[PDB]
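The block underneath contains the structure these notes are about, expressed in structure tokens.
Note that this complex is displayed minus one protein chain, with the remaining chains in position.
Labels run A, B, C, D and E following the written order; every chain starts at residue 1.
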Amino acid sequence: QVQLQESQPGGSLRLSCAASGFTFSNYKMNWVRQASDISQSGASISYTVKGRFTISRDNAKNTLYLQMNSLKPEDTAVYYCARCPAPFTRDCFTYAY
Amino acid sequence: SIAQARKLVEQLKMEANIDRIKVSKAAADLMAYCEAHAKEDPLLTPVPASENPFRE
Amino acid sequence: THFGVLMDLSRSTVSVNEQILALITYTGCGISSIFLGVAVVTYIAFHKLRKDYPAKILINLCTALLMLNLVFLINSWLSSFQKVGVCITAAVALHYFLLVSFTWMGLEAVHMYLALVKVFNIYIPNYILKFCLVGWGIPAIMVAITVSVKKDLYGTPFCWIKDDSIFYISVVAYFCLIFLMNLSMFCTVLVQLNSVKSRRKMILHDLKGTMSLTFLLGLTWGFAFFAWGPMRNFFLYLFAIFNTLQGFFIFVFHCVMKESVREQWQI
Amino acid sequence: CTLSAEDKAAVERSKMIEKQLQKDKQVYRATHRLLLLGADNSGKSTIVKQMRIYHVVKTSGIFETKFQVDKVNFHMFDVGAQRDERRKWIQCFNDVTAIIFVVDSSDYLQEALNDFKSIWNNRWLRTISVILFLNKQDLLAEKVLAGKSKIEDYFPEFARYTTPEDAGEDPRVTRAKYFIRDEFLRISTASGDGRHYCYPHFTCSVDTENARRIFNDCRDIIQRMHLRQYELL
Amino acid sequence: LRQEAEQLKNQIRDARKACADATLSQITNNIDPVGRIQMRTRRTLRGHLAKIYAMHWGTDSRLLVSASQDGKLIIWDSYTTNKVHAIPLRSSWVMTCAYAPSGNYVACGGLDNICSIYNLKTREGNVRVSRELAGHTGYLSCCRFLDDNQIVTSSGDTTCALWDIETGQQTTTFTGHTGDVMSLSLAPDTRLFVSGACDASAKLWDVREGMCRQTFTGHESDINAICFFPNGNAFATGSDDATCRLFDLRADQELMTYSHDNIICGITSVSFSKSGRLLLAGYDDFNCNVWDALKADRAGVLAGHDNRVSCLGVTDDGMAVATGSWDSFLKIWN
Partner (left out) sequence: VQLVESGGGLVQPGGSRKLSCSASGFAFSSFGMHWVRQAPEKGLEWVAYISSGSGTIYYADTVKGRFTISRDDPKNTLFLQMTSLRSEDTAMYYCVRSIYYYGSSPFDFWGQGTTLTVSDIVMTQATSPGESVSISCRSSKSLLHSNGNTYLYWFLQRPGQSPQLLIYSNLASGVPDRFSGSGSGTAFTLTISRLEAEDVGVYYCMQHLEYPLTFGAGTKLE
């Protein structure tokens, strides 16, 4: 399978996505909210809010990191560790998978 | 949500109590079907150029 | 002799400098057919590089230049074989592969009018084949008319057309009709490519855009009208350094910095 | 010939099939298919009404809009009944002539940014270029000039931005309208590499030059496609 | 329930680990492979106009139909390069194609969500559509005829549907997938079928019972195309993750992971040879790869195309492999 398990304003709440069941090294695993991506081995990071939360990554530990530090009250929602499934390609495409 | 997860376990409980055979004995029958049926396979052994209909 | 004997526009001697003109002519075709010859050797041999309708007219222009440069090269050898038949063999072939090349330059012109000016509804069915029926057929029509009249035996130094009216009305009047066609789709493609591009590497890319356009359409082949002037005889020196090295200039532009041929050169 | 009699007409049928296909090639190659990727709350549903009515089933996934402008046929293909996962049905449009990615510039857009970012850097939609076609400017200026409560707190790079050089519009709307243009082009020219060039516009319900905005910027693709074949551009 | 159903999905991964005695690569370490075999294009089937999205073979081993996304379904005399039929479709974006085992019928499964069942053997010479199977609320990603009046069809909706052409309504709707089911392969016994999805899970289905018999996971990406191993007790799925996976029916595991590290493009087609020893995928690097389906070696490349290889099929007699790509051309290999 493709297991992606995710872990008063202004509190530095960082959550650790756990990417199991697949490689996660050549997968540009982005983040989506329910009220911002990464590349392979980092080094090409994009956002929406563009400095409030930062997207780290650890392919050696097989995990995705998101460090929400200065979050707004609107940021308090359900978070989902998305995975752009076409490997080695920035083709990040009811959002269910 | 709830109704999709209510019917997910019913579509997964039958996948739990399935007669999963041993993966070596399953792969044995995988190797058996290719071994017992290989001279009738025109891609392992190439059929000669007069018998197969792809010539000239 | 010089390369400009194909496109003199003045049937007069040039021959104190014609030893230096034939020096850069014969070394020009020697490196152009070694390079545009291996442009065909990487165009016919690779089906990916000839899927483009520009790059299949370019095959038809490269072999048009490959034959015209080689028939010019063997026109020295077909003058040493001093039989009347031997010269005529080259006075048809050099005249065919001139009007083929000129038509190929011209076709590259009417291709641009479709592919870059009348940018939509460009699909004519059996396109590349319908241009070989113009590129190699209309010269084979036109050379058939010049061998019909046979005035002054149509030949002969290296054998070439040696008539006044049969050279003008068959080559010079046809090429000027072709040169106005391929200058019009040189000015128009420059004002199309200006709107797309809208000082180095943007004048240089405008140079590599226009230096690679003056040798698909043969704008340097119109140096004859500039060399018709009695003062400047540098245009004949420019003729044998450009219209002879046109094979190298097609190769260095349309077969080195194309970036798809280098994808197919590597394995 | 060594072919049999019912195989002599099995070719003579097959040649007349190709004669229909070489007639269908003239219909295929002289008609420019256009993917149309307006999202929810965008202006796609009226642009396919605008481009159809200017010039020419309950769960059908594809609506074909056949409009010709300057006598050349286009097929706008908005994608109706397929669900939100665009991952696989968008691969099917790798040989279209353009992608009319219609945007709600009125709403707040990062979803439209991250869609266009995926449509750009897709492995199959690269070398085909988006007609960006920013729709609903009548309510986009209403969100900035008339209303002003729809300010750009969503976009932190608006404070570091001003309209560089661009065409009775308000200067705060034209700063906004050429920022919505500039937000896509920061995700367009980054991974374009000249293989496909985004051709943006501004449209509304009363645009009425929307199909001409396609064709003049669809010429600018097929021209740029042919200039890349001449290595010219 | 999401943390409560996770252990039951973890009950599957340890029931499969309980059967995990030795891998197929460990089992087949002492069997001689097919080796580096040359396989050559016999017929280039020129005549399409667009990207050939999917082909399918007749069970008569000779009639080949292909779906190109120009609005043309072309039935090929594959032996003699002849075009037996060309069908001008209504949905110009046809994603898939299915030749009936009876040979009377053919399906184009469009992007427009209709499985237009074309009747080839009409009393008229025109290939009229018999039943445009409207429904299915997603791109018709695969379809496979069971009989002349029964077809199973895959959708871009996360749900496969078994249809009846004579009625015109989906009799069964297999709704276990959580992602868009990209392909579909019927069993040789035509009482089961398999369906690979964009949820990275290939789900075994009973056609009559309508039930997800097994859900095969292990692919890292969207399962692009699938085919049954011809004894009906296994299948290889081909994902976008560039690693084909031979799963085994009634075992719920992946046997062989056909992974070559120098291949990163998606496996946009999968077919099995008649032995099932030679699994020939259709990758997105414009080439195929005729994997030894037991030795898991590369064992043969079919490099006949310029664009991505969308569709492989080995015939029922196993003799040819047609190969359509995203050009107008179908290469027929041997």
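Criterion: a contact is a pair of C-beta atoms (placed from the backbone, for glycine too) under 8 Å apart; a residue touches a chain by one contact, two chains touch by 3 or more.
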(message) Please identify which residue in E:4, E:124 or E:261 touches the non-displayed chain.
(response) E:124
(message) Among E:16, E:42, E:48 or E:85, which one touches the chain that has been omitted from the display?
(response) E:85
(request) Among E:60, E:164 or E:206, single out the residue that touches the unshown chain. (result) E:60
(message) Among E:77, E:148 or E:199, which one touches the chain that has been omitted from the display?
(response) E:77
(message) Take the complete complex as the reference. Which residues in subunit E touch the chain that isn't displayed?
(response) 60, 62-63, 75, 77, 79-80, 82, 84-85, 103, 121-126
(request) Identify the residues of subunit D touching the omitted chain, counting contacts across the whole complex. (result) 3-10, 12-16, 19
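We take it that only the chains that are shown with their structure count from here on.
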(request) Report which interface contains more C-beta contacts, comparing B-E against A-D. (result) B-E
(message) I'd like the Å distance between the centres of subunit C and subunit D, where a centre is the mean of that chain's Cα atoms.
(response) 40
(request) Starting from the mean Cα coordinates of subunit A and subunit E, work out the distance between those two points in Å. (result) 33
(message) Need the CA-centroid distance for the pair subunit C / subunit E, whole Å please.
(response) 51
(message) Show the residues in subunit A shared as contacts by 2 or more other chains, in ascending order.
(response) 85-86, 96-97
(request) Name the residues of subunit C that each touch 2 or more other chains. (result) none
(message) Looking at the complex, which residues from subunit E come into contact with subunit D?
(response) 47-51, 53, 69-72, 74, 77, 80-86, 88, 91-93, 95, 110-114, 134-139, 141, 156-158, 179-180, 182, 198, 222, 284, 308, 326
(request) Write out the stretch or stretches of subunit C touching subunit D in their complex. (result) 52-55, 115-116, 119-123, 125-126, 189, 192-193, 196-197, 209, 212-213, 216, 253-254, 257-259
(message) Considering only the defined contacts, which subunit A positions touch subunit E in the complex?
(response) 1-2, 21-23, 26-27, 85-88, 96-97
